[PDB]
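Engineer: Chain Y is fixed; fit chains L, P, G, R, Z and D onto it per the hints.
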Amino acid sequence: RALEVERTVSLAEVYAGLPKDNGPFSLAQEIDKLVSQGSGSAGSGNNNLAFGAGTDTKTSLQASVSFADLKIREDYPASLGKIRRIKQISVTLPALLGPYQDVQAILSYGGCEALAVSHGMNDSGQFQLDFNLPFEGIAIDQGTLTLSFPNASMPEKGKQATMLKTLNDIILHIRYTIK
Amino acid sequence: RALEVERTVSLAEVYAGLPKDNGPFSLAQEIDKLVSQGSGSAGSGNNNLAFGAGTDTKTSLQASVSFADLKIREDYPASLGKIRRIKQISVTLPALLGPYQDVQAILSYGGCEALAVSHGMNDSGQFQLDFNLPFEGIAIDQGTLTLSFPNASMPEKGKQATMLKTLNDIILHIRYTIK
Amino acid sequence: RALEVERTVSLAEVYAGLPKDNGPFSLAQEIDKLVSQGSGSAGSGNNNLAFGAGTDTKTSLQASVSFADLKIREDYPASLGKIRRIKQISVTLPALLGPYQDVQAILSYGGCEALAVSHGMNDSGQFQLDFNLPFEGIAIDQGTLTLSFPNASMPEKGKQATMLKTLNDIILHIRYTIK
Amino acid sequence: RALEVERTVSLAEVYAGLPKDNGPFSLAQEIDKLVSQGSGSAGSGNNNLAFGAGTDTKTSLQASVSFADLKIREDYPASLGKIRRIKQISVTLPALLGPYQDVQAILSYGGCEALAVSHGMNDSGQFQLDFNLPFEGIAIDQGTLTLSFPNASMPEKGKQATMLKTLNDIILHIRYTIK
Amino acid sequence: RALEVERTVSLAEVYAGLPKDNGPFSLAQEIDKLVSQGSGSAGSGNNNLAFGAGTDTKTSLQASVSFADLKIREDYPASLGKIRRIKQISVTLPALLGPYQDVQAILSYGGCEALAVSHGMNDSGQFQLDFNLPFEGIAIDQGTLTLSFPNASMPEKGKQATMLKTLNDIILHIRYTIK
Amino acid sequence: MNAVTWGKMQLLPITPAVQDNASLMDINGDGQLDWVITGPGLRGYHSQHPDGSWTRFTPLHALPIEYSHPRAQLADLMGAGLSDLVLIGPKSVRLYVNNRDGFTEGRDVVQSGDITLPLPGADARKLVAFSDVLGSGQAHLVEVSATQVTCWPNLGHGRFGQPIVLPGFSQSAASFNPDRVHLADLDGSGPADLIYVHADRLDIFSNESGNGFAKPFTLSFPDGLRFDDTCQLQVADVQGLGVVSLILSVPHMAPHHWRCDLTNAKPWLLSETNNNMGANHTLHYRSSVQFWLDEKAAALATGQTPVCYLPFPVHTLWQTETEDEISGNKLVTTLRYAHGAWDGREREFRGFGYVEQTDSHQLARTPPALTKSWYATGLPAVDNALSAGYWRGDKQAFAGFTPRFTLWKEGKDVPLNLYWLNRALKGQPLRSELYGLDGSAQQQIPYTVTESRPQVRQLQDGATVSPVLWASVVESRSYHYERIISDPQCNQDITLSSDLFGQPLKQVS
Amino acid sequence: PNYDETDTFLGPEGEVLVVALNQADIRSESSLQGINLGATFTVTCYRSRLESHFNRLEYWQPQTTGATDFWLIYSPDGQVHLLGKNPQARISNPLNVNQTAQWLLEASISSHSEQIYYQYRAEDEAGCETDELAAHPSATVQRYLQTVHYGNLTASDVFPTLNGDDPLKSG
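Chains as they are written, first to last, in full-length UniProt numbering: chain Y, 2327 to 2436, 2444 to 2465, 2470 to 2516; chain L, 2327 to 2436, 2444 to 2465, 2470 to 2516; chain P, 2327 to 2436, 2444 to 2465, 2470 to 2516; chain G, 2327 to 2436, 2444 to 2465, 2470 to 2516; chain R, 2327 to 2436, 2444 to 2465, 2470 to 2516; chain Z, 436 to 799, 806 to 857, 864 to 956; chain D, 88 to 109, 113 to 261.
Keep in mind the hints are simulated off the structure, nothing from the lab. Incorrect hints may have been included.
Claimed, not checked - List of simulated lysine-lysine pairs, DSS-like, C-alpha gap at most 25 Å: (1) G/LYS2384 to G/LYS2359; (2) P/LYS2494 to G/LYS2397; (3) G/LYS2496 to Z/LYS526; (4) L/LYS2384 to L/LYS2502; (5) Y/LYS2494 to L/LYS2397; (6) G/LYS2346 to G/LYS2397; (7) R/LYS2397 to G/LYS2494; (8) L/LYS2413 to Y/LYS2496; (9) Y/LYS2413 to L/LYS2516; (10) G/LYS2408 to P/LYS2496; (11) L/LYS2516 to L/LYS2397; (12) Y/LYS2346 to R/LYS2496.
Bound-form chain Y, shown alone:
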C-alpha cells in the first residue's frame, strides 16, 4: 500500500512566490496583459507564462511550471519513502464563463502525457474517472507541466480572450503516492 497523498498547488502562489532573480509576477495581471496585446512573456525558466512557439499554437497562452520548484518532497519526511510519483492530476479554473460556453485547455508534459480540460471543476481529462491514467508515474521532482489555452489572443480575435480576463488563479490538484 502506498501513502496516497492529494496536493493542491495554486499557480498564482507559485508565480508570485518565485525568487526575485527569476522574477515573480502577478498571474491575473499578466494574463490580462498577455491576452490584450499580441504576445509577450512573464516569468523565467520553466516557471513562466508565455505564448506558443510552434505552428498553430502562436495564439495559445501557455502557463508552464516546474515540479522541482513546487517542493512537494518537503511536505513529508524522507524516512517514509523516496518513491514519490504522480497518480493523477486534475485542474480547476475559477473563472466567469458565458451562458453556454466551455473551457478549452491542454495539460501537457515534456499516450498518457496530455490531458484536455473541458469544464474546470476538479476536471480530470476523462469522461468518467476510473481507478480500476495520464501523468501516472511521473516523479514529483523532475518535469515541466504546461497548461495551454487555445484561442487566447484578443488581437487575433480568439474566443477564449474574454474568459481569461475573468481568470484569477489556476489550481492543480496533484494526487501522488509515497512508497
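Structural biologist: Quick look at chains L, P, G, R, Z and D alone, frame taken from chain Y:
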C-alpha cells in the same frame, strides 16, 4: 491513449449566428410561428427548422443543424490530433418540463444512429449511460444532426403544440475524442 | 440500439378522460367514496376502480387501467419501429404518509408480473433496481395494469383507510423501448 | 422474482399496543426506570423489556419483541404468496446520538443471527452493505428479535446508562420478500 | 459474518481523562505551546504528545495513543467473541484550512501499517476506499497508534504550524469486527 | 398601483463557472449574494453585484474542516447577523464564528445545568430548527413535537438558556409529520407563527409574544387544491405589501400554484389619530419595494439601466391625509421615494436620496405644490447619480457643489479612510426644488432652487477604529426663479472658517 | 458583548464612541467634585465618532476590586451627567454583577447648581402567574423609570449619590 473533450452547442445561439443570405432567426420566436401555422421553414441548408417531408412525420417539427458549421475542429490546434470522433451526445431542453412531464424528441443523424429524448435534462437516450458501442465512425466535421418533435402542429391538434411554444433553447452536449 | 423511452401516466387523468358513455370520474373523490363506504365501484370496463372480487381481496381497493386506452403508440411515429414493449414500471403515490409509515400496494398484470410498492415515491418493487425485471417485454397495447391496495375499508377497519383519503393520484413511470 | 416489501416497525407502538392481559407499557418511561435502578422488567412473554440473564450480560438492557405479534402477514393477502421471509433488518434509534458519538447495541435472534448497531440512523450491521446477509430467511411469523444495550445499568456506572434515558423509540426497517 | 462495529475515539477526551499519576493534559492548549516553541512533551507512556525522535522527524509533532487504554473490549460483553480486530481507521481533524491548503499527517502503528491524512474530514488514506486495508487486523487491546504532523515547528517555520494552532481535536473512526 | 408580476425568462450573461459544491448565500453579510464554492481543492466565492456583474473568485481566508460535515449547519449564534458554523451536540456545541472573511478557531461550549439540546434531523417525529419563536431577533433552538413546542433561548457565544415550553400547539400524533410544519412570522410583530398543513385545510397558530400559541384557525383550500408529500409551502413577500404571503406549489402533471394573502397592510402600524377637537390624520404606508418597481419601470422606458442598492424592504410612510372636521377642508401630502441606500460594511440603512412631497389641498381649483428634494446617502454609487436628476433648464446657473473632505491639523482646515468620510455625509441636504402643478406652460419651471454643500472635517485619525468626523453644510446657494427661466434672484451663504468645536469664525453672505 | 477591553460602546445618540486622542486620554483619578470615591479609577475620555453635539464622555472604571464603574457626560451647555453609578440605574448580568450592559442616567447637575435625580425600579414577580414564573424565574434585571426628582431644594454642584447618603433625603 486519447484526449476526451466535452463541447456544448446552444442551437438558438447557432441559428441566431448564421450569416446573412443563410437566414438567421430566433429559435424561440420561430418555433411558435411554425407550430401555430401549419408548415414553414426557418433558415436554409442543414441549419434549418422545418417539418418532416415523408409520411408519418408531416406533423413533426424538425430542428436540424450542420456539423461543419459548428466549427468544432477550430476549438483545438491541429497539432494535438487530426482525428476527432464523437463519443456521446446528450440533449438538454432548458426549463421546459416539470418533474412529471415528458417530451418526445428523436435525435438522429444521416442501430446506434438515433436517440429518444424523454426528460431533456442532460438527457441521453439510455436508462443508464455506461462507458463500459455508442457512436463509432461519426466525425465532428461532416454530417447533419436533426431533432424531431412529433405531433408538434397546432392545426392538427397534436400534443406538444402548446408545450413547444414555451421553449427557450435546445442544448446539445457533444463529447468527442482527439486521438 | 433501442429508443429508450420514459412516459409518465396519471391515473387521475385517464379516469377523468374517459368518454361519457364509459362514466368518467374524479379519482380522489371516488377513492374517498369507496373507502368510506366499504363497497362500490367507479368507471367501466378495464379503466375501473373497485374492490377485489376474489376471496382474501374483498377488502382491497384496486385501480385498474387498460394499456390500449393510454394511447402510447401515438407518441412517436410508426416509421421509428413497431417493437414497442415495456422495460420497467415504477409507481409514485402522492399521499400524506406519517413519519414512519408505509404504503402497501401490489401492481399486477393479467414472478415478473407483479410488483410491491412500499414507499410510493418513484417506487420500483426492487430493493435495488439493476438494469444489469417485472413487466419487461409487455407490449404497450395489450393488457390491464391493476394497483391493489390491501386493507382499504373503513367499515372493516382497514389500516390503510385513512391513508388512502390523502392519496391524490396514482402516477406510473412507464419505461419502454422502441426497437 | 419475489414481491420485495419493506415494513417499518416502531417498537414503542408495539409495547403500547399489547392487550392489558399481557401488560402494555411506554418504552421511554420504562427505559428510564429500568436504567436508573438495577433490576426490573416490563411487559410479559416475548414482547418484554428486561435485563440480560447470562454471565457478563446482567448489565445489558434487553428489549425483545415477538414476530407473531407484529402481524406482518396481515399486510398483504395470502392469495399472492404464502412464503414470507426476511431479506434484511435495519435499526434506527431516533434522536439519540450527537455528531461524534456511538451506541453499542446488538440486534439478535433466537454468523447471520446477530447485528451490531453503531450509529443507529438507518443502521445495518455492515461496513458497506451489499445486496449482491444477517436474518436472511427468518420467517415472518416465528421468533423473537432482541436488541441488547450493553453497559446499561446506572448503579454499576454503565457508560450507556446516561444516554439510554434520552431514547424515545426503537425503529426496525424490516425488508422481506413474498414469494 | 462478523459484528461490524464503529467506534469514534477523541484524543482530547483521552488525554484529558488520564489518571493523575500519568499526567493528563489538554490537547488544544498543549499543541500551541509545543508548536510555538521548538520541542517539548506532554503526558507519559504511550499516551503522549511530543515531537519526533529520529532523523528528519524532529520538526514533526506526534500524537500517540495506546490501544490498550481505550478499553474497546469492554464496550461489548465477552460472550459475543474474544477477537476484535481492526478493519479500517479514519481520521477527522477539526481544524481551519487556508484558501489552498491541505493537511499533511501520517497515522502510523508501531504497507498496511501507515496512512496519509490529506483532507482531514473522515479521511481514510485512500483515493477510493474500496472494501474489496491499512491497519487491518490489528488487535484493539494492544499496540500504539501515533499521528505525526510534519513541518510542525514554528521557530523552524513549519508550513503546518499555523493549522495546528487551530486544531481543537483529533477524531479517530475505528472500524473493527467482533468475530 | 401595486401590482407585481415577473418578466421573461432571461438568460444570464455570466455565471461563476464552478457549478459543483456550491450554493447561493451571503457568506460575508454585505447584502449582495455570493456563490460560495467549497470544493475539494479550493474554497471561496464569487459575489453578485447589483449592476449585473459577477465579482471574480475571492478565496476564503479560513474555512473549518467540519464545514463538510453532514450534520453541521449555518446559523446565527454570535448575534452579529452572520451565519456561523455550528455542530449541535446534546450537551456541547462546536461553534466556528463567522468573522466576515472566513471563520475563526472553533470552540466547545458546554451547556450549563440540565440543558440537553435537541438534535436536528435525528428524529422524524420532531422538527428541530433555528427559528425566532420569541421575537427577540435571535435564532433560538426550537423543537416542534406533536404535543408541545419547546424553545431553548440563544444567549450568544454558543450558549443556550433553559428551555421554555410554548403551549397551545397540538396535533394528532399519528397524522403529525414535521415536514408540513412551517415557522414563519406572518404579521410582523416579531415572533414566528406556526403553520401546519393538512389536505384541504391549513392550521395557523398565532404566536402570542413568544409565550404560547393561540387557538388555531383554518384556511380551507380552494376548489381544486390538495396537499401531499410532493407539494411545497413557501412563505415569502412576493407582493411588496410588507407582509409575507403563503405560496403553495403542486408539482405533479403540471406545476400549478396558489397564493394566500392574509392581510393588505402591514399590521400594528399607526393608521389614524384624532384630538377630538375637529382634527384627524390618516396615515397610509407603502413598501420601498414598490418605490423601486416604479423607479425600475420608468428607467426601462427611457432605455436606461436601473440598479437597486436597497436589498431589504423598508416600509415607508407614503400618504398622510389631514382633515379638519369642522370646515371640511382636507390636505393630502403624498410622498415618493427613490434611491434607497443600504451600506454593506457597517450593515446599516443609510436612508433615501430622493424624497418628493405633493401638498394637494381638497377644499370643500388650487394647484398642488410638488417639492423635489435630494439628500446625500453616503454611498458613492448613489451620490454620484443624484445630480443627473436635477432641473437644468436655464443653462446659465453656477456650477453645482460637491462634498468637501477636509483634514484638521494645526488649527485649520487643510483638504484631503475614504469610507468613513462618505459615511458622515448621511442625511445631509443636497438640493431642493419647489414646483406648482397647475397644468400651465410654467408647470415644469421651479419656484425656487436651493443647493447645499456639505463638508466633513476629520478631527482625529482612526487606524483600526473609526475616525472622529464632523459633518456640516459649509455653503448654501439659493435661487428664486418664480417660474421664470431667465432672470432669477440668487444668493449664497458661505462658511469659511470654524474653530475646534464647530463655531463659525468667518462667514460670507 | 464580551465584556472586556475589546468592546465598543454606543453613546446616547446611538452612534459608536471611540477613545479620544490628545495618545489616548487615560488619567488616574480618585476624587470627583471634591468627594473621595474610596478607590482609584482609570478615567477614559470617549468621543462620538460622528460629532454633532461635541460633548465628551468619561468612562470611570476602578482598578481596585470592590467598587464599580460608571460614566460621566459633559454636555457643552455646562451640564454634567452621571450615568449608572448605583445598581438601581444599571442593567447588568444577574449572575455576574460586574458585567454591566447599560449605564442608565442617574443624576444631572446644571451650571447653576440645579439638580435632577432619576429613580428606577427593578422588575419583580408581581401579578404574574406560575406559567410566567416557571419559564422566566429570576427576571429582576429590567429597569423602569419610576419617578424623576427635580426641584433642588438647596444649591450644590455635587451629585446627590456620590457621598452615599440617601439621595432623596435631600429635599
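Engineer: Against this structure, judge whether each hint is valid.
Structural biologist: Checked hints:
As the CA atoms of G/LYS2384 and G/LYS2359 are separated by approximately 16 Å, the hinted pair is consistent with the 25 Å bound. A threshold of 25 Å between alpha carbons decides the hint, and for P/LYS2494 with G/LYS2397 the separation of about 15 Å falls inside it, so the pair holds. Pair hint G/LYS2496 plus Z/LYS526 holds up; C-alpha atoms about 16 Å apart against a cutoff of 25 Å. A hinted pair counts as satisfied when its Cα atoms are at most 25 Å apart, and L/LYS2384 with L/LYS2502 qualifies at roughly 18 Å.
Between Y/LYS2494 and L/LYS2397 the alpha-carbon distance is near 15 Å, which keeps this suggested pair within the 25 Å criterion. For the hint pairing G/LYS2346 with G/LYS2397, the CA-to-CA distance comes to about 18 Å; that is within 25 Å, so the pair holds. With a C-alpha separation of about 15 Å, the suggested pair R/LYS2397 and G/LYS2494 falls inside the 25 Å cut-off, and the hint holds. This hinted pair checks out: L/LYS2413 and Y/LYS2496 have alpha carbons roughly 24 Å apart, not beyond 25 Å.
A hinted pair counts as satisfied when its Cα atoms are at most 25 Å apart, and Y/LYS2413 with L/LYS2516 qualifies at roughly 22 Å. The straight-line distance between the Cα atoms of G/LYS2408 and P/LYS2496 is roughly 20 Å, inside the 25 Å bound, and the hint therefore holds. With a C-alpha separation of about 18 Å, the suggested pair L/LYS2516 and L/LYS2397 falls inside the 25 Å cut-off, and the hint holds. With a C-alpha separation of about 21 Å, the suggested pair Y/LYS2346 and R/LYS2496 falls inside the 25 Å cut-off, and the hint holds.
In summary, the structure agrees with every hint in the numbered list given earlier.
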